[PDB]
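Since the structure of chain A is provided, determine the placement of chain B with the ligands on it from the hints.
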Amino acid sequence: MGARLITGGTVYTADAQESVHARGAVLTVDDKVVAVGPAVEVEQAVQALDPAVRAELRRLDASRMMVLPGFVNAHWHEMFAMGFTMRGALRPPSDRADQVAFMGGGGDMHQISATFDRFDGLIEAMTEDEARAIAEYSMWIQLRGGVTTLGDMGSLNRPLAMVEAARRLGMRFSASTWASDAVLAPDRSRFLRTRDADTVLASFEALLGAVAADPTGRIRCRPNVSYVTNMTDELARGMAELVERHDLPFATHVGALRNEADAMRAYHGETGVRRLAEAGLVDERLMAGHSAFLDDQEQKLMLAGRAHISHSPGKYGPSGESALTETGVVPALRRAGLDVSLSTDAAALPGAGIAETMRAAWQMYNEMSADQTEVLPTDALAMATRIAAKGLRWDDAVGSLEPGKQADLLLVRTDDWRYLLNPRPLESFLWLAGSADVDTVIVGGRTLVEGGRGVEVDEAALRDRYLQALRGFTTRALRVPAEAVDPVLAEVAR
Amino acid sequence: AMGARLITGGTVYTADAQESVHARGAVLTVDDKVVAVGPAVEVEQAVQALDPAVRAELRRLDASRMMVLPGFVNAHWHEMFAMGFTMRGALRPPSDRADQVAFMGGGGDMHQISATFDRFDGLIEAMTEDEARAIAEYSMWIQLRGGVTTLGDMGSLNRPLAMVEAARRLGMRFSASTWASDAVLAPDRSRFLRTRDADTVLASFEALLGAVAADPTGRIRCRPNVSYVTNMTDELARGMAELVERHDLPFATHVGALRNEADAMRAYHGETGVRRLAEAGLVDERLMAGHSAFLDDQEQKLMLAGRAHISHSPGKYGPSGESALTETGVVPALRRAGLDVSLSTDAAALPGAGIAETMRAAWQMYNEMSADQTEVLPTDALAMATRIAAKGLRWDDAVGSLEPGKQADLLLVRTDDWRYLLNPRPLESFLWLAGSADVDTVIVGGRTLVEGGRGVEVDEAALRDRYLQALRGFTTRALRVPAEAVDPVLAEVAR
Ligand SMILES: O=C(O)c1cccc(OC(=O)c2cccc(O)c2)c1
Ligand SMILES: O=C(O)c1cccc(OC(=O)c2cccc(O)c2)c1
Ligand SMILES: [Zn+2]
Ligand SMILES: [Zn+2]
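Chains A and B supply the protein sequences, listed in that same order.
So that you can map any letter, position 164 of the first sequence is 164 in this note's numbering, and since no number is skipped, the others follow by simple counting.
Take any residue in the second sequence, count from 1 to its spot, add 1000: that is its number in this note's numbering.
Here chain A stands alone, though its shape is the one from the complex:
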């Protein structure tokens, strides 16, 4: 790949000092950052290279650009196979008849639990070709929005199809498997066990074996539990044993909804964080999704364990979640020194990206505390890069522009009205820009997106295979009639 100097822009590093450099530069050799700082300081690193390396150095003039570390979306679900349902493409254009459903109104816990237990049967119904075409397009949308490292916390897709998608696209991916072995059946006053814990844990072991073979360093894996509602004691302890043995991170959704604690006490006899604590899962390895509905003891367990919270303040309103303001626990735990990162959660059609989530945190944390300094723009960036990489246990290699780390970075144009005269283009980016304003995406020194276009992939072809795969999956497996699907596909703007 050789050496490149990216010079002249404002450079955000998201290093320990959250360093920003006006007229900064980044020097990369092959897959790694070697120098980053003021342009003159970096130019000295250039004149210190082996003369052979310096001979083929490529200069990128970024003087009309902002440079960011690649986004690390550590809490994501591939759900594009469900695009053609009454959460997506089949809805009437009018939203007036919409109802509080699913996650809304505190959470319909029976429906959420029953829904999650059905994923295994639908993943099974999917062809490898459908899986790969849907995964590839879904993951392209993440990449297009500046996500260079993506974290699977449970997808309706085939794990090895998602690994193949990451490999073809050139991005980094923490692969997972679906884990559900319990359901909250309304005809019972105790959890119904739905699967052998050993089978669920064997699926993840098989994925871990396959990713171990990968030589690129771009593929890792992390076991998840779908949701603590759908987790037996045997699955929780099996997960604790598996992450200790293989030295892995661990992720689940816990304290996510108002109605969760009550359903957890009724069906399992104990709240989410306490059941994880009893299995030994509340430690530095834990990424807890949402994690807002925590009492005093559960908050103290997370803080003592130096656990990690992934927060999705961009997504809550449209799902009817209340995981920011109803408790205010996640901002309080961040203030008390808990690691808190920003993530986009699940989407069956494109929803808020990392850029949109960064804006949401900036506006929403600061409004609740009447304090424009609680989340600075650089904090929002750190929360979407270095701090997310830490929660994913990938901060050895990604999440900041420092010497020795991977050359994963974004260029954003700053030459329009939105940015004019602002010495803080990241602030203009949070006010008035988002995912589609990502211009260039580089992963380990390779240009994957440029001018907001795929460089080595045909996004028109990725789209057409996705639509073909989605048609097959939607008509066959979801039994949606062709009369509802084919008209919508016919009016897709080619």
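It is worth saying that the hints were derived from the structure and are not from the lab.
One thing to keep in mind: the hints can contain errors.
Pairwise CB distance ranges (calculated) [what the hints assert, rightly or not]:
no., chain 1, residue 1, chain 2, residue 2, range
1, B, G1338, A, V455, 32 to 38 Å
2, A, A482, B, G1452, 35 to 41 Å
3, B, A1494, A, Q44, 22 to 28 Å
4, A, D50, B, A1494, 32 to 38 Å
5, A, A460, B, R1024, 19 to 25 Å
6, B, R1024, A, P481, 17 to 23 Å
Here a beta-carbon is modelled for each residue, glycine too, at the ideal position from N, C-alpha and C.
Chain B with the ligands alone, transformed into the frame defined by chain A:
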């Protein structure tokens, strides 16, 4: 401009009384008015019913790869681009690490807010007529570029007639105002100073009203504001009540905006802001109250009983350190109780959240606080930025919805990229993943002003460069910022 236009095939959001949405809908316009709106095939019947002369010169715009919205009505805005080259804007270090809670943050520094607002008159006088017009036209262009077709001044650091001229040149609609402060809180004196004759402040608004009446385009109205209830004597409040009754006008102010406001109002004026307004007879259907979140039960009941209007800016509270959404939850609660609530951008000295960003904010933030994805539907957020804002501005006679007899003010947004694919609700995708810059076409009174994201009736490079020269002149001569601090920033501008 004159002539007939059929905009057909896109998804059309009307923001009419039913919040109607038409997939493969159409808008037929003749001269400056909407004549028909609905399903393509039904509008095509209205086309076949036109005078053959009119039909002959019809221009058909294929909008099949677009979303059609009403023009955004930003009814609560301040022109502050003259202050771009201060420590709120261009002179800040790139690093944010040393930023402090200031001004409206931490519940509000009421003395500094009051003192700052009372200095506007002096700084406006320090501005050349050319600087005023150049900064106004660039500031107002930034609004228009993001889809704002009707803009409401609620008190600006600019010359009113410069802003009227800017609106006139740009082709957009403008509710002009004057700056109105006749009191300052002076902690050193244990009282408010009465800094101006209420009757002179009112006579300045009467003179603006005379000048706007001479504008023949129908695009310029005016509305008196009070800067802030801290800076308002009883005599200014009563004079405002008399003026808006005599001329049948709307009225606007900031009230119940900050945690520390109520204590400062009781100490300096005896009474909280909504109570002082109600005593002057200003809490009625004419009132647009900016922020209006720190209200007790009696104040909330006064607003409801008067059918007053609240303009909310949930896009910009966090970055200002304001807490006018969650600390009280009063504005969402008043909306649920039937008060008209609209969405606005407020003040910016450099580009900040536009209407499109504020719609997203309302959709996320109101729905999260109530654990309810239906409290603010995407079509509600649109209504709050169009029809409801028009109603609060008293311009809903002509703007805010795509209905027959209203002005042909509309936006086209392209829906053909990845963000919109397969979504029968392109407005939802727009709130998820788009913003001000994704406005493609802006039509006001049937005239295209923006197309493909570019101004077609202005020189965008001229608006920018004249704004930069004006700001240099104002910054160095009036604000006394040295050339040595200004020219390096201006030298870095990407031309
Ligand atoms: O909505 C989906 O399709 C979906 C798919 C996979 C995982 C998923 O998980 C949560 O987001 C989640 C899970 C529990 C509580 C909560 O408040 C959010 C959701
Ligand atoms: O910030 C500015 O430059 C500015 C300029 C003109 C008016 C203005 O007014 C408010 O938005 C305002 C006024 C009072 C309380 C509040 O919470 C907000 C602010
Ligand atoms: Zn999730
Ligand atoms: Zn204001």
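How the hints compare with the structure:
Under the hint 32 to 38 Å, the C-beta atoms of B:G1338 and A:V455, about 54 Å apart, miss the expected range. Range check, A:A482 to B:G1452: Cβ separation about 37 Å, and the 35 to 41 Å hint holds. A beta carbon spacing of about 26 Å between B:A1494 and A:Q44 agrees with the range 22 to 28 Å that was offered as a hint. About 34 Å separates the C-beta atoms of A:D50 and B:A1494, a value consistent with the hinted range of 32 to 38 Å.
For the pair A:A460 and B:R1024, the beta carbons lie near 24 Å from each other, so the given range of 19 to 25 Å is met. Range check, B:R1024 to A:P481: Cβ separation about 21 Å, and the 17 to 23 Å hint holds.
In summary, the one numbered hint that this structure violates is 1.
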